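Q: Chain by chain, the residues run as shown.
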Amino acid sequence: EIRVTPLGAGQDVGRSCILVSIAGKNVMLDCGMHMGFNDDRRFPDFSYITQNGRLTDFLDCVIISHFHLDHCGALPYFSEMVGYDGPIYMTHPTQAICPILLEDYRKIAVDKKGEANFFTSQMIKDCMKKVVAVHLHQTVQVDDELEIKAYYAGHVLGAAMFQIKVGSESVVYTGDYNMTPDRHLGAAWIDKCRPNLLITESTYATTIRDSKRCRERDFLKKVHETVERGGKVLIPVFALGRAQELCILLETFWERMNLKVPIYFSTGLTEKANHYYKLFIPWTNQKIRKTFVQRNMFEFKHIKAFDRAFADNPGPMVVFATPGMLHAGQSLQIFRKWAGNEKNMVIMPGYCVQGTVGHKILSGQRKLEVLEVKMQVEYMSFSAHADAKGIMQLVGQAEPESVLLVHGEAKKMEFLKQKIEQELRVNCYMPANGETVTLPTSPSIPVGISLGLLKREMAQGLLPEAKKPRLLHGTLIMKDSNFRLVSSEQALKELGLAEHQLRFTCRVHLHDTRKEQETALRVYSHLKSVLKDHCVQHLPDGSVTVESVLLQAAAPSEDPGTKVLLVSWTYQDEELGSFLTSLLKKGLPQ
Amino acid sequence: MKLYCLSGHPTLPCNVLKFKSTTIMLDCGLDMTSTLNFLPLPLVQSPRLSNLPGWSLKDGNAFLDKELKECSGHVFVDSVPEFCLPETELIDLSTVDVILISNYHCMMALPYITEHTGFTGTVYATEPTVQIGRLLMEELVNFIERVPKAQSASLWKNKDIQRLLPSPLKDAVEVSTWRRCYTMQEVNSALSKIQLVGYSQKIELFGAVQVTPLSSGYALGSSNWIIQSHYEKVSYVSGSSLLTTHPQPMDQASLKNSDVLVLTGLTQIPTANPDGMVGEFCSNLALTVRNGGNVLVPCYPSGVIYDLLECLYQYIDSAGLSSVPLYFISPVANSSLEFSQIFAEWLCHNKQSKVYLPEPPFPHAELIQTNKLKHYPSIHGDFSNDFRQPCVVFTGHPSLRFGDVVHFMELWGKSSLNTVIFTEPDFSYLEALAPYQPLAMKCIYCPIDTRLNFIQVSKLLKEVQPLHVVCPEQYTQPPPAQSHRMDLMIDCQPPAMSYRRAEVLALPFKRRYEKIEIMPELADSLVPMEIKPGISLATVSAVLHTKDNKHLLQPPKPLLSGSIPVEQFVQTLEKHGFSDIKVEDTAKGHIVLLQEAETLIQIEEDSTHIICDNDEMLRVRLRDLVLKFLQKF
Amino acid sequence: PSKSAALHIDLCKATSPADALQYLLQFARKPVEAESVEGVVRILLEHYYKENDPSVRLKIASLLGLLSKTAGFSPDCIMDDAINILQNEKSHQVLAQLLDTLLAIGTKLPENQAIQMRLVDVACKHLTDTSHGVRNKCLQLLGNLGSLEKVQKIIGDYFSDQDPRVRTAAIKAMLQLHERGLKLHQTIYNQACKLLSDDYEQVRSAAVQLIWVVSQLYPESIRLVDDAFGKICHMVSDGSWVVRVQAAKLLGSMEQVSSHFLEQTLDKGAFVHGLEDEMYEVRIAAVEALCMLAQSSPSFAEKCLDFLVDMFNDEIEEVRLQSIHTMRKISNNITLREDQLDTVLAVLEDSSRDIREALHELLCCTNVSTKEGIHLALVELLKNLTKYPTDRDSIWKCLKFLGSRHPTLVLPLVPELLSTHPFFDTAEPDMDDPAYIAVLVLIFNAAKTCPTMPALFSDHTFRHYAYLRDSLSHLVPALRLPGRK
Ligand SMILES: [Zn+2]
Ligand SMILES: [Zn+2]
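Residue numbers (the entry's author numbering), protein chains in the order written: chain K, 3 to 371, 377 to 597; chain I, 1 to 556, 582 to 658; chain D, 33 to 182, 196 to 267, 278 to 323, 377 to 593.
Hints in this document: simulated from the structure, not taken from any laboratory. The beta carbon of each residue, even a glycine, is placed where N, CA and C say it ideally should be. The reader is advised that the hints may include incorrect statements.
Selected chain D positions facing chain K (in silico; Cβ < 7 Å) [stated by the list, open to error]:
hint	residue
1	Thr162
2	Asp243
3	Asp244
4	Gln247
5	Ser292
6	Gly294
7	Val417
8	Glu423
9	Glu425
10	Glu426
Okay, derived cross-link-like pairs now, DSS-like style, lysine-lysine, Cα gap no bigger than 30 Å in a straight line [claimed, not checked]:
hint	chain 1	residue 1	chain 2	residue 2
11	K	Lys194	I	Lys374
12	I	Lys515	I	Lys600
13	D	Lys35	K	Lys474
14	K	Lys131	I	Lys372
15	I	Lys510	I	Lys442
16	D	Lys217	K	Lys194
17	D	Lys122	K	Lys194
18	D	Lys157	D	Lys35
19	K	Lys167	I	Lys550
20	D	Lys198	D	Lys304
21	K	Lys289	D	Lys437
22	K	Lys262	K	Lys303
23	K	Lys303	I	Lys374
24	I	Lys550	D	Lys217
25	K	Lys292	D	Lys495
26	K	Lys292	K	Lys214
27	D	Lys239	D	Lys182
28	I	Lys2	D	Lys304
29	I	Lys20	K	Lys462
30	K	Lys500	I	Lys193
31	I	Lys256	K	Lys475
32	K	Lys424	D	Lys45
Partial pick of chain D residues on the chain I-facing surface, computed with a CB cut under 10 Å [stated by the list, open to error]:
hint	residue
33	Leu95
34	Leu98
35	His124
36	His164
37	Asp206
Throw the hints in and build the complete structure from the sequences for me.
A: Here it is in structure tokens:
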């Protein structure tokens, strides 16, 4: 029995929280922030599981997919006042990059609201102390049966899907994987391991993405046209994210074309990227594990530094500022400063979350508080999430017994289900916000076995007598520390009740005028003729051997019209002896 | 369960293990001590090496004047240095299935076995091990390549010549199996069949077995392996440093609950003191640069030199000797320092907490923003117009037979003003100076070893005690140098085992208890039939689905035990309807007669014997009656 | 003599793990016998055959197989090995020794009939072990011993056995059967198409080869090669990279396919994912595949054209070199409308000597249908000349072949490329400047066919033609100018 409950990201993006229970183990899959409205409902309702009490006794381990604000978002609230002294299992690069990123979001929050209720720095460092770093393809035992297992995905730096094994039951949480390879990131790879449930992201499922070169040739020609009109290419994109891929892309274009434009880079996390990608190449793509000895591809000889006083410059100006959803304020300072202009250009990086300016401009309206739309937009989609082909690839390569679709929206939810039931014939389900999806999993019991039993089993099996029931045997013993299956004679000698050799004998009383030697010959002929594929032989002393059954012509009885035939057999051929007695009751031919 | 031993050198091992059906060949070390028997390879010819007297046997029959040449009472064979490979002919190595690699020091023999045998299997290693192994392979093939030498020497391998050769040339094992160096194509192909494993990755092989690494701490990327089923576990430790070092610390948890703890890869010299020994390094290096003159350090491109650089950097801030420069000359130098910089999560836990902060883990970066460490690919270029006397120079291969180390071992080896600082074990100190004597170059044997010595070997063995111990005789027998003392040995009290080069050993534990899995319908169709307290019993009957070496059980004879009481038998016969049943007694049994169905039954100790007439329903009734008064097994 | 002495020494010493292993190792490592007496030494090998410690027996029979590899013996060793297999069948080590000896004897020299490849194969097939003892290696025994040009059923029912290793060896036996001909059947296609999802590595990398071979046997299933090629394209998307290499290469062994499904590979998806995943192995295999299937298909070639121009920034010199090759092979009736800018700025590199000469080989065999493309190609190659005064001969060859390939496109360039001011006198350019020579050799190689070009020169240009014809006769061709008749 496995239960799963989405405390967010079911039919939603942001506040991605999943609680899974496997055989009495409660595991927290992912926790982020809603990336949206300013009320109390951007942080998940912790009272759904505990209300007024402790969370340590219920929840065992905490798993973080990557460092997105919808996936590394609400970490201080688990650690400090809602409280969790237990382990926070998450990868090395994500542990390197979440603290400064949530510090940046703290700066945004205190600049927005001026609120001391968001969190402080001493407490986020306290959250960062009790975090256990997890490597690449790697097992970690949590207490004594709960295995956690991290696999390379490729969504951002240090982006991994996770796998949880309790006994023999496995659940796979896949955060924001991309089967399509990136430029400094690779692809996703999970070994097919008969997974019970696959928690899969389905952000992009209505559309099939083309080749990558379509994406950058479209984006680059539109950028080229914008700078040809003198427009200033302002990309509302967030931190590390798709930021450095668009950086290296623009750097390649501006260095192969040799056109002059004073591009800059956002404040705060500015050189943090430079030292953070130069210490985590083994998590990156295999192009730059081999091509890094020449120079620093991650150090840019064309980018420069932005500050608050350069926003009024005319001429060409291709700078990007955080975030990607246009909700922080400094990008909103740029956007509100640049609202009444037709010559410039803003853009959107990827998907958008409800309630933000990004979704508000994705709908296609004008007023924003009102800021009428004079800019131009184009749905460029470098945001590294797998398309429906990626869904096909990961699901068909993992081949799970059940799936669960999160981190998306309803139309592609129904589309992607109906596709998954029509082709791979697996129990695809709808999760929503709050309900408990239950899968009754098949239990597994491992027992032991003796070497001799499998030795004679393979010796009999590889002989050409297959495809029919061979009916193996043995007996099973309870010690409540191990459950043991042992062969029969070894069980006789270990329990010590001795080999009980059995002699079942019976007198076949035949009423006919034939002689007793002729009667024994008739019995031998009848048993040879009726029993096909049976070792029926006649002994030289008038006896008949049928496997382990002995038939002897006994002494004549006191009745002249009655003849006595002794039939003896053991319990190993008890059914054969019963059939022989039935046939001899049916009568010899006469 | 057979261990085939193919390498005789204690810390460059090769061990095939036939387990269930696997043929796991642990480690491929290439014995380079054979290369000490040759003349060096200078990139430019010296008048000294060219003009040496050729040794002649007293018989004079053989043409060995041009074969081997003598120098200062020590003779060496003049050709390309040969390499001491393991036996590729003891067992058919195409039947080797998976090769496991512990560290980069035991990977140098991989191209020979992987492209000259027929080995179609896979090799597994951690990615730091494969990266530094690739760089060391390129190092070796480049230094052996640069100036070609043809193997024109062949007659010294025959039996009577080699026993008529003098020492140390008598001390050579299987010179006929020695083979020249390897080329580009099998460098590229040997690093294609390799796969990338993580530190304690639970990785299965062929559906049969499980292999997994552990942290070792001997070097950056070193691994100690475990081959196990669910009911047995043979572990292979090769190189560990529980002394305070840079990589991830040793794991003591997956070593216990094991039966074999093969002690490959211990220290070269037990009598050492590494902290004081690198103190001695700093001492004589400081003395030589204080007198004014360079120091020469033979070194691998990776490994302990990294540690050396750290303390040496620190010692500059204690010595006021920032004037003397640091040079690293190697064809893989920039890539070596790069891979030192980047492979950082595999370091210590507090070194991981240093990676928490945006700072470089290895402090040679701080040596290069201070313009202290200068790395060059070769002398052929930027080193010519930047060289500064006096200096500290780190050179090529420490065997002192090929690289740039031969050039600086010449030229500067003329005055007592300078010194050379040997720092790396598993190469003999006096044997390295043997082609270079007579010589005025100052020499200090200052070897830095990080491998655990016999005291912590004893601590390890009393910590995670196995059922069996496998090690070479160099660990059992007292060492040839300090043979007078018993103390620094293996100290265990099971009977330890000893393997020589190319030996077969049967591991004395037999597989007897293997593993089976059951689908739940059968599990619910079983009943417990508890008969003797604490000990339950159940009848099991199924079919066994065979697939991928993990056997299952699917739905498609139990016997009798327990003597039957005759009195209860006749009582239940009388109460079931049967009548007029008469019982008589014998010496040890009872004869009971039923006049219906003409039945006579005799009962004795552990014996029953029914005899009936031609009946079916009464026969099967008696069957179910007598089988329900006992216990089924 | 020496063999008898070694046998006597081994019998006299008679140590179990000490004398036998060391003596056998010394006998193997020292020298080969290279005589018929080694067969007599095989009788000595029969002398130590009846002994315990089966590792020594395995080593001895391995030495026997090594002696059989020297072709010293013939049928007597085969009979002795058959007797040893039928008598000394004791566990996996002796089974390995006997089957290795049988494999060596079968391919030693004769490889013929009359109990040389049939009786041994029958003995191998009749001695299948119960668990891995001979199974994979007796399958390769029955592989290399072809019975007659008619026995595939025993391999056929062994596609679904236990061990994946035995599956791989059954596959390799099926390979070696196909390499001898033997007229393979049709049910192998069914057993192979059910063999893709074996859920484990090292079988799919050869299952794709089995799909290829039974597909190019004959294309008659319902259409056969389209479904097989679609399965191969599905195997291109596998996570493992060795199977991707094998899938791309073994589809690169194909030569026939339906056209429409071949354009289906790129839209609605194999080559759209078959390139940008791994190191040079997958990429070079896929682009050799597009080489052959652009050579076989006269159509489609604009699609492989613009799927090669994207992959210029792969940061591998081998990928660049073999990419220049993979589009120089397919440069037939193919023009470059917009994708010529990247292929001419790709020359911009520090040394790239092999890459540069490959690029000059590409530029002299390409076809183009525009004028501004000629202008940009010429100005970029002159910039290459002014940055590297090293390869003037190579650029003279490629400009000669560029002029010879298409003369028409450069007719409007001559009023623009050189100083031909209408009323000002054109000064005589520097003759020894080895950059004006390149544009002259273009001009006069393009002036061989078009008649409207002698009227467009000047007097100094005819005297330059005179000196270029008399000096570099292998660069400029002979023209019908009145100055040089
Ligand atoms: Zn994400
Ligand atoms: Zn996300």
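Q: Now look at each hint and say whether the structure bears it out.
A: These are the hints, each one checked on the structure:
{"no.": "1", "hint": "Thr162", "verdict": "5 Å, holds"}
{"no.": "2", "hint": "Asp243", "verdict": "11 Å, violated"}
{"no.": "3", "hint": "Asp244", "verdict": "6 Å, holds"}
{"no.": "4", "hint": "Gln247", "verdict": "14 Å, violated"}
{"no.": "5", "hint": "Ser292", "verdict": "6 Å, holds"}
{"no.": "6", "hint": "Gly294", "verdict": "5 Å, holds"}
{"no.": "7", "hint": "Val417", "verdict": "9 Å, violated"}
{"no.": "8", "hint": "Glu423", "verdict": "4 Å, holds"}
{"no.": "9", "hint": "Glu425", "verdict": "11 Å, violated"}
{"no.": "10", "hint": "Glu426", "verdict": "12 Å, violated"}
{"no.": "11", "hint": "K:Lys194 / I:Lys374", "verdict": "48 Å, violated"}
{"no.": "12", "hint": "I:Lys515 / I:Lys600", "verdict": "48 Å, violated"}
{"no.": "13", "hint": "D:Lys35 / K:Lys474", "verdict": "53 Å, violated"}
{"no.": "14", "hint": "K:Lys131 / I:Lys372", "verdict": "36 Å, violated"}
{"no.": "15", "hint": "I:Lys510 / I:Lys442", "verdict": "57 Å, violated"}
{"no.": "16", "hint": "D:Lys217 / K:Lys194", "verdict": "25 Å, holds"}
{"no.": "17", "hint": "D:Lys122 / K:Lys194", "verdict": "38 Å, violated"}
{"no.": "18", "hint": "D:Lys157 / D:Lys35", "verdict": "34 Å, violated"}
{"no.": "19", "hint": "K:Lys167 / I:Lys550", "verdict": "18 Å, holds"}
{"no.": "20", "hint": "D:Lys198 / D:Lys304", "verdict": "29 Å, holds"}
{"no.": "21", "hint": "K:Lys289 / D:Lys437", "verdict": "27 Å, holds"}
{"no.": "22", "hint": "K:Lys262 / K:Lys303", "verdict": "12 Å, holds"}
{"no.": "23", "hint": "K:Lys303 / I:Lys374", "verdict": "24 Å, holds"}
{"no.": "24", "hint": "I:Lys550 / D:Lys217", "verdict": "24 Å, holds"}
{"no.": "25", "hint": "K:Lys292 / D:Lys495", "verdict": "29 Å, holds"}
{"no.": "26", "hint": "K:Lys292 / K:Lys214", "verdict": "22 Å, holds"}
{"no.": "27", "hint": "D:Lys239 / D:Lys182", "verdict": "26 Å, holds"}
{"no.": "28", "hint": "I:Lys2 / D:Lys304", "verdict": "40 Å, violated"}
{"no.": "29", "hint": "I:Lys20 / K:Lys462", "verdict": "13 Å, holds"}
{"no.": "30", "hint": "K:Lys500 / I:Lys193", "verdict": "50 Å, violated"}
{"no.": "31", "hint": "I:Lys256 / K:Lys475", "verdict": "45 Å, violated"}
{"no.": "32", "hint": "K:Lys424 / D:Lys45", "verdict": "77 Å, violated"}
{"no.": "33", "hint": "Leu95", "verdict": "9 Å, holds"}
{"no.": "34", "hint": "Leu98", "verdict": "8 Å, holds"}
{"no.": "35", "hint": "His124", "verdict": "8 Å, holds"}
{"no.": "36", "hint": "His164", "verdict": "5 Å, holds"}
{"no.": "37", "hint": "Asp206", "verdict": "9 Å, holds"}
Violated hints for the displayed structure, listed by number in ascending order: 2, 4, 7, 9, 10, 11, 12, 13, 14, 15, 17, 18, 28, 30, 31 and 32.
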